[PDB]
Structure formats: C-alpha cells, structure tokens
Amino acid sequence: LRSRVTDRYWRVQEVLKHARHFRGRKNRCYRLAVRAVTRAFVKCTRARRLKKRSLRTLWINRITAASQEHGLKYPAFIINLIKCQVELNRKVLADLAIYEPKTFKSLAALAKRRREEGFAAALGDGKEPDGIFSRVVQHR
Amino acid sequence: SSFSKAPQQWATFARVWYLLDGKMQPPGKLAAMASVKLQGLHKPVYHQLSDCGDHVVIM
Amino acid sequence: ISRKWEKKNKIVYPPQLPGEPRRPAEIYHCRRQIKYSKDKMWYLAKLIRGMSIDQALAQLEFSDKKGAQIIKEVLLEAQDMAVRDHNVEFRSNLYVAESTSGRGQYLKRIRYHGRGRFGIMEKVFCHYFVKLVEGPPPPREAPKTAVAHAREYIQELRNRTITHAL
RNA sequence: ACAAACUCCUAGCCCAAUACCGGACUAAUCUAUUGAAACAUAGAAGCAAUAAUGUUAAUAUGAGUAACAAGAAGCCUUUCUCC
RNA sequence: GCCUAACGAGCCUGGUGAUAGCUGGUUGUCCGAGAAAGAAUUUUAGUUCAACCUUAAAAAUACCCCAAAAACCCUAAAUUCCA
RNA sequence: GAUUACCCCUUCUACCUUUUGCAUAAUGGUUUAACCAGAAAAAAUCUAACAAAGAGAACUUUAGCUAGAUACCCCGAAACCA
Ligand SMILES: [Mg+2]
Ligand SMILES: [Mg+2]
Ligand SMILES: [Mg+2]
Ligand SMILES: [Mg+2]
Ligand SMILES: [Mg+2]
Ligand SMILES: [Mg+2]
Ligand SMILES: [Mg+2]
Ligand SMILES: [Mg+2]
Ligand SMILES: [Mg+2]
Ligand SMILES: [Mg+2]
Ligand SMILES: [Mg+2]
Ligand SMILES: [Mg+2]
Ligand SMILES: [Mg+2]
Ligand SMILES: [Mg+2]
Ligand SMILES: [Mg+2]
Ligand SMILES: [Mg+2]
Ligand SMILES: [Mg+2]
Ligand SMILES: [Mg+2]
Ligand SMILES: [Mg+2]
Ligand SMILES: [Mg+2]
Ligand SMILES: [Mg+2]
Ligand SMILES: [Mg+2]
Ligand SMILES: [Mg+2]
Ligand SMILES: [Mg+2]
Ligand SMILES: [Mg+2]
Ligand SMILES: [Mg+2]
Ligand SMILES: [Mg+2]
Ligand SMILES: [Mg+2]
Ligand SMILES: [Mg+2]
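Residue numbers (the entry's author numbering), protein chains in the order written: chain U, 10 to 149; chain N, 2 to 60; chain W, 45 to 210.
No lab work stands behind these hints: they were computed from the structure. Where hints are given, some of them may not hold.
[What the hints assert, rightly or not] List time: in silico DSS-like cross-link candidates among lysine-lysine, alpha-carbon distance up to 30 angstroms:
{"#": "1", "chain 1": "W", "residue 1": "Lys90", "chain 2": "U", "residue 2": "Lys35"}
{"#": "2", "chain 1": "U", "residue 1": "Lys114", "chain 2": "N", "residue 2": "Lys30"}
{"#": "3", "chain 1": "N", "residue 1": "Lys38", "chain 2": "U", "residue 2": "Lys82"}
{"#": "4", "chain 1": "W", "residue 1": "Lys52", "chain 2": "W", "residue 2": "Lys110"}
{"#": "5", "chain 1": "U", "residue 1": "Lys100", "chain 2": "N", "residue 2": "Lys38"}
{"#": "6", "chain 1": "W", "residue 1": "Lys48", "chain 2": "W", "residue 2": "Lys90"}
{"#": "7", "chain 1": "U", "residue 1": "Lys35", "chain 2": "W", "residue 2": "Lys82"}
{"#": "8", "chain 1": "N", "residue 1": "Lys6", "chain 2": "U", "residue 2": "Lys100"}
{"#": "9", "chain 1": "W", "residue 1": "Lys188", "chain 2": "N", "residue 2": "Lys6"}
{"#": "10", "chain 1": "U", "residue 1": "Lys60", "chain 2": "N", "residue 2": "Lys38"}
{"#": "11", "chain 1": "N", "residue 1": "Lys38", "chain 2": "U", "residue 2": "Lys61"}
{"#": "12", "chain 1": "U", "residue 1": "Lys82", "chain 2": "N", "residue 2": "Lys24"}
{"#": "13", "chain 1": "N", "residue 1": "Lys6", "chain 2": "U", "residue 2": "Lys111"}
{"#": "14", "chain 1": "U", "residue 1": "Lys121", "chain 2": "N", "residue 2": "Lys38"}
{"#": "15", "chain 1": "U", "residue 1": "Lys82", "chain 2": "N", "residue 2": "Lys30"}
{"#": "16", "chain 1": "N", "residue 1": "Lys38", "chain 2": "U", "residue 2": "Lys111"}
{"#": "17", "chain 1": "W", "residue 1": "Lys54", "chain 2": "W", "residue 2": "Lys116"}
{"#": "18", "chain 1": "U", "residue 1": "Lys35", "chain 2": "W", "residue 2": "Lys84"}
{"#": "19", "chain 1": "W", "residue 1": "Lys82", "chain 2": "W", "residue 2": "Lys175"}
{"#": "20", "chain 1": "N", "residue 1": "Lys38", "chain 2": "U", "residue 2": "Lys114"}
{"#": "21", "chain 1": "U", "residue 1": "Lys121", "chain 2": "N", "residue 2": "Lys30"}
{"#": "22", "chain 1": "U", "residue 1": "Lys114", "chain 2": "N", "residue 2": "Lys6"}
Please model the entire structure based on the sequences and the hints provided.
Below you can see the structure in the form of structure tokens.
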C-alpha cells in the first residue's frame, strides 16, 4: 500500500501566508520562506517584551520635557509626587503632560511645593512642624 | 482650546527658532543644551519618528 | 504551450446605451516562436511603447536589430486587422498600448569544448505581444515641479499625529 | 533617578533546555461498517523532508559575457587581388 | 615501463545490499523528567561493567545534623559520624 | 516593534552539521517539483480469557498459563575470489 502526500499545497500555503511581504526570494522559495518566517516569529515574541520598556522610555522622556518646562528635573518631580501620596502611572502622567497642560503645571507646582517643604523641614532641625503637604493620611 | 483641526495640527508641531549666546561658555556645556533643543527633546509631544525638532542659532 | 492572447479578440460586448462615451477599439496580436532571443526582443518591445503607430513604424524601420523587421510585420498585420476585421475609422489613429516579449519553447544541443568537456547549449525562441488602441496617444508624464514637491512635503508635515499619546 | 526572566498587580489554558527515556493529540492514504460535498469509530501501513559535493526533470545566475565566420568589384559567373 | 585517453598490476559480469569502532544524512505538533566521566580492555576515535539518570512498583525514614568520639613528634581551611 | 506614512527611527551576531567553544574566514546547499532513511517479541510492562491449572496435540505450571499490543536505520571505499 503505497501512500503519497496529496495535500502538500496547503502545507506550503500555510507558511507562505506569512511570507508575502518579505523582500527578494524569501517570498517565493519554500526554504528561504521557512527560515525567514521562523526569524520573523522569534523577533515577534522578543518585540513583545521590548515594547514595554520602549513605551516606558518614551513616557519618561515626555515627563522629563514637561517637567523641564516648569524648571524641575525628572527625579525631583517623581519623588515628590510620590511623597505626596499621589500614585500615577508614567503613562497617565505623560498623557496629562500633553493633553492637559494646566493640570500638569498644577502637579509640578505641587511637587515643587512639597520639595521646598522637605528642604525646610530637614534644614529646620526640629521635629514639630508638619508642612501642610507633609502630613500622611492613613486610610479608613 | 477650541481650534479647527488643521490649525491645531499646525500649532502643535511648529518649529521654533532659539537663540543662544556663546561668549565665554564651555563648548561642551553649550553643545549639551544645543543638542537637546535640536533633537526635539524639550517637547512633550516628542517621538523619534516625528520630524519635530527646532532650529538653533548660536551666536 | 498556452494560447490566451489570441482569444482576447473573441470578446463580444453588450450594445451601447444612448450617448455614453464610445469605447475605443482594442486590437490584440501576437507572433509565436520567433528565432530571436527574449532579452534582445525586450528592447525593441520597450522602445515603441506608448508611441503612435506611425512613429513606431518609423523607428522600427531604420533600426538595425533583426527583431525590427519582425515587429514591423506584426504591427502592419495588426493595423490591417484593425481596419478590416474590427471597424476602425482613420487607420493612423492607432497608438501602441502594450508591447512585450515572452519566452517560447527552447531547443537543446551539445556544445563541445576541449579536453572532452561539453556545455549544454540552448537554442532560443520568443513570442512577441502587442495591443493597439484607437485614439490619439496618451500624454507623456511631465517631471514633478518644485510647486509639486513643496505640496507633497507640506501635506506630509500636516499629516502627523502625537503618537502613543491618548 | 534610570535600569531584568527576578517580585508584586489584573486575568489564565499556570513555569527553560542538547543525548537518552516517558506521555497526549493529529496531516495524507487504504480496508471494515456508518457517511453522503467536505465523514467518525476502529483496523492497517511504501504513514508526513528547509539540509546526504542526495537521484531525475526543469528553470535561473555567471551572460547577452567567453567565443565563433564570408578576399574585392560588377552585367551574376566575369574579371581582378593573393596563398 | 607497456598490455585500448586512470596498470605497484587490465576490463567486465558474478560473489555483492562485500566490510567500514570512520565521515555524511535521518522527514508532524505539543507537553513530563533530564545527564560531564570510577574500572578493565591491540584500550584511549570503540565497547562492557559501576555510579548518576528516565519509566513503572513496593516500602521506610531520608538529607540537615549539639555535645560525645576517630594516633602515635609538628602540623591550617576542614572532613567522617550522629539526636 | 510599529506608525498618518513605503523608507527614515529603535532592537536583534543566517540555518544545519560538528564540537570544550562556530557570525565565524569550519562542513553543506542556486531555486522549484517528485522521489529519498528504525524492521525482530527471550525476559518484561499494559489489557483481557480461563484458573490449580492453562493452551484447537506434543508444552509450561509453588498463580499460572494462553492471546493481543508495545523493538532495534539510509548512502559511501581502497580491497579480495571465480
Ligand atoms: Mg494506491
Ligand atoms: Mg511579563
Ligand atoms: Mg543556460
Ligand atoms: Mg523596570
Ligand atoms: Mg522541562
Ligand atoms: Mg516515506
Ligand atoms: Mg520537497
Ligand atoms: Mg563543489
Ligand atoms: Mg537537497
Ligand atoms: Mg542567461
Ligand atoms: Mg564580465
Ligand atoms: Mg570578444
Ligand atoms: Mg575569411
Ligand atoms: Mg586504459
Ligand atoms: Mg554499510
Ligand atoms: Mg589483550
Ligand atoms: Mg576506536
Ligand atoms: Mg541520622
Ligand atoms: Mg558567539
Ligand atoms: Mg552539513
Ligand atoms: Mg576544534
Ligand atoms: Mg575564525
Ligand atoms: Mg576548510
Ligand atoms: Mg571537517
Ligand atoms: Mg558551497
Ligand atoms: Mg514474550
Ligand atoms: Mg500475574
Ligand atoms: Mg584473507
Ligand atoms: Mg582483511
């Protein structure tokens, strides 16, 4: 009972589906296609991992620029926003930086205020005064 | 805040000429900020693939 | 073998509704198994494209290549069928729409070398295809002006978005 | 401050790998019954090629590249020019 | 040297799927677990045993481990062995 | 990866074989199609029959017997003999 593979056409089609937009001979010849397609998928999955650090880099830059406009550097801005107990994404923060410049300058004013409060608190060398923005709320 | 679409587009991506006076400055510290402004890295709309970046005139 | 091109003359259309644009005559013609090579034939085919049939005949006539006499006869045949078998008023009204060469079937032979080595020598044949259309030759495209470029560039600066930003 | 496969967070089908060794499924044939257009339970096998300076057929590239040939004029076989 | 364009021993057909501890190849998907050299050997390009390991099974203790304990002249980091 | 946008940006040392280690400047392949390489049932495990017995003859039996199912490639010398 001799058997041959009749459906070889669709087997090839399934790997050429992905190969159509490649340059040169990879979009035709089944060898070249197979290899370039495996390459393509591997870089696909690595890109999934990268694109999270890329987007986060982008965000940090935009936050840095927005912060620079108001004369405050990136680390200062972020730390002080945190020490005020305001937890905001860098995604949400960069979006505020572009599409709501007013609110964002409000934030930068807040952070700057909180920081000067910090310098004054630590240089003052006494334990008593709580700057109005230095109090810490425990939730109920 | 309410602009037509084409003018909003134009206003956002406008190229802005900067002047920077040089006399008695370390050329490195000069090139630091000159480069930042050149590249568009002061604009919160910045992206690598956008053409955005501004002229810089050093005198 | 595949014969298709020849059959493109066998299409019969539905009659004309009143006052529409008159669809200009298309004539197809080919010549199969010419003794010329495909690659040389290509240059002749490339030369006469878009020309009015009279200019094409003029060019071909004085050209040196042995393909010239061939493509010439083919254009004359095409013209004769254009006026006779189809109906075309004003036989100089034709221009060349599409001109092209395909490879025909090839002959195989031995080519002796030296020290008793042989190469495999392929006798070359090719087909010549031409499509003629009745009407004055289409206008040749003018090189982009500065007023064009500046328009592209602005249209691009103005197509930007703030990316990843919403 | 910025920085990982580490660790949180929101959902899950819930944690790497060469030699060797376990499992679960399935492509394409044929044969039993079904199935009727692509079939589903079994039983069977010449049972699945991106790699053997693989075999045959056909196509490219090198490449229109290397290399090949017909002494002159006329009235068309008649003179010339040479070996 | 030569014995029909390969002669330290012709060519052909058999023996012949000669025999290669030596190269070179060996085709679907997805999951479990996963290895580094102690012996002998015409042995060191290889095999066959042990040890580790994989797949099933039966069980009871396994690593860690405080005193206590293991040499006689001098002798460090540390081992062995156990609740 | 993406982008309004093909590029332009940013991130990535062809593939097999072979090795302690190969982007290697180690081997292999122009490309397409068709062909082109894992076979055995002693012992074992798994599923059933009947059981002090079991097998459609000869055998084996201190839970055994009988049946099924699970297994071990392809191409290459120089040679030697008629
Ligand atoms: Mg058959
Ligand atoms: Mg993750
Ligand atoms: Mg050829
Ligand atoms: Mg991080
Ligand atoms: Mg694993
Ligand atoms: Mg097979
Ligand atoms: Mg194939
Ligand atoms: Mg070679
Ligand atoms: Mg091959
Ligand atoms: Mg060629
Ligand atoms: Mg050349
Ligand atoms: Mg030459
Ligand atoms: Mg001559
Ligand atoms: Mg001889
Ligand atoms: Mg062998
Ligand atoms: Mg011995
Ligand atoms: Mg050996
Ligand atoms: Mg113990
Ligand atoms: Mg490396
Ligand atoms: Mg190889
Ligand atoms: Mg080595
Ligand atoms: Mg090297
Ligand atoms: Mg080499
Ligand atoms: Mg080698
Ligand atoms: Mg090679
Ligand atoms: Mg047995
Ligand atoms: Mg039993
Ligand atoms: Mg002997
Ligand atoms: Mg011998």
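Starting from N:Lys6, check that the Cα of U:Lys111 is at most 30 angstroms away, please. holds (21 angstroms)
Are the Cα positions of W:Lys52 and W:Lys110 separated by 30 angstroms at most? Roughly 28 angstroms separates the two Cα atoms, so the pair holds.
Does N:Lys30 sit within 30 angstroms of U:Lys121, going by the straight-line distance between their CA atoms? holds (26 angstroms)
Quick one, are W:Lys54 and W:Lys116 close enough, alpha carbons at most 30 angstroms? holds (24 angstroms)
Is N:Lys38 within 30 angstroms of U:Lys82, Cα to Cα? holds (16 angstroms)
With the threshold set at 30 angstroms, check whether the alpha-carbon distance from N:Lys6 to U:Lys100 stays at or below it. holds (25 angstroms)
Proposed proximity, N:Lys6 with W:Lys188 (alpha carbon, max 30 angstroms): Given pair W:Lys188, N:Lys6 holds - Cα atoms ~29 angstroms apart, limit 30 angstroms.
Is the straight-line distance between the alpha-carbon of U:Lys121 and that of N:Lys38 30 angstroms or less? holds (24 angstroms)
Has the given pair, U:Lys114 with N:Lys6, been kept, meaning a C-alpha gap of at most 30 angstroms? holds (25 angstroms)
Is U:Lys114 close enough to N:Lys30, meaning Cα to Cα at most 30 angstroms? It holds: about 28 angstroms lies between the C-alpha atoms, which stays within 30 angstroms.
Is the hinted pair U:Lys35 and W:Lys84 satisfied, with a Cα-Cα distance of at most 30 angstroms? The given pair, whose Cα atoms are some 29 angstroms apart, holds under the 30 angstroms limit.
For U:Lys35 and W:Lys82, compute the direct alpha-carbon distance and say whether it is at most 30 angstroms. Answer holds: U:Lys35 to W:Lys82 is near 26 angstroms, not above 30 angstroms.
When the structure is compared with the earlier hints, no violation turns up for any of them.
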